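Next comes just one chain, in structure tokens: the form solved without the ligand.
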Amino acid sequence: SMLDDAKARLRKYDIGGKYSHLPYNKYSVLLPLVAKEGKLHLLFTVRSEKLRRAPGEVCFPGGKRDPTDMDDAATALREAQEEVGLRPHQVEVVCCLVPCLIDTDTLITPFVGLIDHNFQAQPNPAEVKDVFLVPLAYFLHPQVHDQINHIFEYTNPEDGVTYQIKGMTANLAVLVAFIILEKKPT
């Protein structure tokens, strides 16, 4: 099936707990995979205009590890629940991808999660202004704009709204798209 095929490709890139104990300032992100109308999509958030770190930007659900978290995957699931109301029975965490190093003292660990078909996002307005889906295949032929820095523009055909996706978030999307969609019969 489409979903079994996805998890099997994703598992070949799992680095597991290899880098998880290093003494960094630690953040996790959830890369939420949704199946809709026969195809895979990623779920994104637009950050509230109120936040100190990066108001108004497109990002994956996530945030800073705290003393309650049993492990880095727990940080990502705690944070997704708080931002968009995703409960634990509604997500299967399939792997841990390569972590992202920033600012000399920070390590961001990405987890890929398969989302239940009956999940419906409840955006928390203190943290997220909007939630939207993008088909995974878009990231193989994106509409690119240069600000030199590469920016993706995605227009939702449901309503004509344009979102800008850039930086680490855009890098991770392309990575997931490659892993899952490369080399497939049609």
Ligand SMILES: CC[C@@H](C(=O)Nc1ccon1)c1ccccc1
The other form holds:
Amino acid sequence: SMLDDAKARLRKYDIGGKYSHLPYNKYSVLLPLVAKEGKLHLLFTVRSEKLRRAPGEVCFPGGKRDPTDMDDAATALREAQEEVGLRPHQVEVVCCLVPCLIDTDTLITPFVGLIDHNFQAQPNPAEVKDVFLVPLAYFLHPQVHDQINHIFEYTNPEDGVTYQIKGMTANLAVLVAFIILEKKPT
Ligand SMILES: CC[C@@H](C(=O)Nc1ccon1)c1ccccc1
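Moving on from the form solved without the ligand, kindly provide the form solved in complex with the ligand as a structure.
Below is the entire complex, every chain and molecule, led by the chain shown above.
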């Protein structure tokens, strides 16, 4: 099936806990895969205009590890619940992808999760201004704008609203698309 095929591809890139104990400032992100209308989509947040770090930017759900978290996957799931109302029974964590090093002292660990078909996002307005889906296939043929820094522009055909996706967030979206969609019979 579509979903079994995606998880099988993803597992081949799982690094597991290999880099998890190193002495960094630690953050996790959840890359949430949603199936709709026979295709896979990624779920993105727009950060509230009132936040300290990067107000109004497009990001995946995530945040800083705290002492309660059993592991890095737990960080991602706790944060996703707080931001968009995703409960643990509503997500299957499939793997841990290559981590992102920043600022010489920070390590960000990305997890890919498959989302239940009955999940409906409840944006927490203290943290998130908006939540939206993008088809995974978009990231194979994006609409690119050069700011040089490459920026993706996605327009939602339901309402005509355009979102800008850039940086680590855009890079991780492309990676997931390549892993799942490369070399497929039509
Ligand atoms: C690790 C932090 C995460 C984030 O802050 N997620 C949030 C917060 C409110 O809404 N979405 C993120 C992911 C990707 C790029 C920048 C930041």
